[PDB]
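Peer 1: Please arrange chain C with the ligands on chain F, whose structure you already have, making use of the hints.
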Amino acid sequence: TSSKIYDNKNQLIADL
Amino acid sequence: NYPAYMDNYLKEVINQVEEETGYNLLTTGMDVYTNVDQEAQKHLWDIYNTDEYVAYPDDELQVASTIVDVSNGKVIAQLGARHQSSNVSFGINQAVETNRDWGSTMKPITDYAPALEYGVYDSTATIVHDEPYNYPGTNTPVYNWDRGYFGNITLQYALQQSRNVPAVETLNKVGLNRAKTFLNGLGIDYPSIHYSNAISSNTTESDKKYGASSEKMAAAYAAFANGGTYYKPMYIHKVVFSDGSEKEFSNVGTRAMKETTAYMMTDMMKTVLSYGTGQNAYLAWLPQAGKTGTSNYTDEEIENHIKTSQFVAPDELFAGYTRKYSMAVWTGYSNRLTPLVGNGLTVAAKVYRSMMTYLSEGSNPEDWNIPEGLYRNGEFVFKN
Ligand SMILES: *C(=O)[C@@H]([C@@H]1NC(C(=O)[O-])=C(SC2Cn3cnc[n+]3C2)[C@@H]1C)[C@@H](C)O
Ligand SMILES: [Zn+2]
Ligand SMILES: [Zn+2]
Ligand SMILES: [Zn+2]
Ligand SMILES: [Zn+2]
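Heads up: the protein sequence lines correspond to chains F and C, in order.
Read in order, the letters of the first sequence correspond to residues 88 to 103 in the numbering used here.
Read in order, the letters of the second sequence correspond to residues 3 to 386 in the numbering used here.
The shape of chain F in the complex, shown without the other chains:
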């Protein structure tokens, strides 16, 4: 449904 991607610092960058 809705997935969230976080960079090396843990801050959201993408929603898939």
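Among the hints, erroneous ones may be present.
In silico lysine-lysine, DSBU-like type, Cα no more than 35 Å apart, as pairs [as the list claims (entries may be wrong)]:
#1 F/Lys96 <-> C/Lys210
#2 F/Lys96 <-> C/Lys234
#3 C/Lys182 <-> C/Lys240
#4 C/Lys13 <-> F/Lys96
Over the 12 Å line for every Cβ pair with chain F, so calculated as not near, a few chain C residues [unchecked claim]:
#5 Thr36
#6 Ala83
#7 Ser87
#8 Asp301
These aren't lab readings, by the way, just hints derived from the structure by calculation.
Ideal Cβ positions, reconstructed from N, Cα and C, are used throughout, including at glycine.
Peer 2: Just chain C with the ligands now, with coordinates in the frame of chain F:
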């Protein structure tokens, strides 16, 4: 929805998630934590698509590279394409694709390192042979780019000027089995390994892991940097499923080569940047090592499709590492039959310099300590 620059990295994230968990992250709700250094990644994207850092000859020359954290094997930046005026989601990530020849950059990991590793050579000063020579078992000559033969030269200088004769012959002295094994330990494989492979990542399959991509090269050169330890490239750190559960991914290493081997290789490769080929990647203030690559066209190609007197190539490559980061660059045109000319050839090395400049400035650039069992002498290093 997601940012322009991240496209390549996410594609691999999705691929890795369902390889380890068996869930397509698009069909299942889960929060996923990655190893992408956003600032570094934006900087990567900036080197490809501006006029700021690198002077390109034209808008369709491709660059593809992968940057790894040498200590854990975490891919921190990846970009397989530049200028993409057809935004279809999750395109062909050229940065992990292996369908292009990595040429000479295969020499260090396929020839000289194993040679040293299994003690076929004793020193960076061992005298090796660049004379008229034939691919073993056949009457086919091994030519050099200049068609000449440097004669008796040291291993170091052999790697530096990048001569094909001492390269190939050194594969023959290692043995084809030993070499296939060594490449496996560095995450690279062929269905079948041949003498041609001593100067080429050209494979028969490329259906999967076969051959070399900027991913697998970065992962291999990171082993040179850290003292001989290969880590599987990683993109994901942690997954949290909708059902609250969490799987953390610890990235464990394997002994790819002796610390003395890793050091001797580094030492020679230093000279590649300084005195030889990749001088367009030389930084006076940064302890780094690398190998350049300039693949060539086939006999068929030379006659029928390539029409020039100049020095031309389908692929130009660089594979360098510092104390902390490993980076491997591929350059070329989507259609291989478009050759690289004159200035086009410097792009690979220039790209690396630019990106390596960014990651290194600030932290003290530490050099490599000469480890137990090796000593210094003249220009070279010897064993015990
Ligand atoms: C490897 O890719 C290739 C040889 N290695 C290189 C290279 O290291 O870039 C070259 S071009 C070489 C011409 N020259 C003179 N002084 C420095 N350099 C760079 C050749 C083509 C193998 C496969 O032949
Ligand atoms: Zn920048
Ligand atoms: Zn800038
Ligand atoms: Zn010989
Ligand atoms: Zn064969």
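Peer 1: State for each hint whether it applies.
Peer 2: Status of each hint after checking the structure:
Annotation: proposed proximity of F/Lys96 to C/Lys210 holds, straight-line Cα distance about 31 Å (limit 35 Å). A C-alpha spacing of about 21 Å is found between F/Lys96 and C/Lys234, which places the hinted pair at or below 35 Å, so the restraint holds. Restraint check: the Cα-Cα separation between C/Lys182 and C/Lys240 comes to about 33 Å, which is no more than 35 Å; the hinted pair holds. For the hint linking C/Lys13 to F/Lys96, the alpha-carbon distance of about 20 Å falls within 35 Å, and the restraint holds.
For C/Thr36, the non-interface assignment is contradicted: its Cβ lies about 6 Å from the closest Cβ of chain F, within the 12 Å cut-off. Even its closest Cβ contact with chain F, about 18 Å, leaves C/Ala83 beyond 12 Å, as expected for a residue assigned away from the interface. For C/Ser87, the requirement that its beta carbon stay farther than 12 Å from each beta carbon of chain F is met, with the minimum near 22 Å. Once the 12 Å rule is applied to beta carbons, C/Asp301 is consistent with being away from chain F; the minimum gap is 46 Å.
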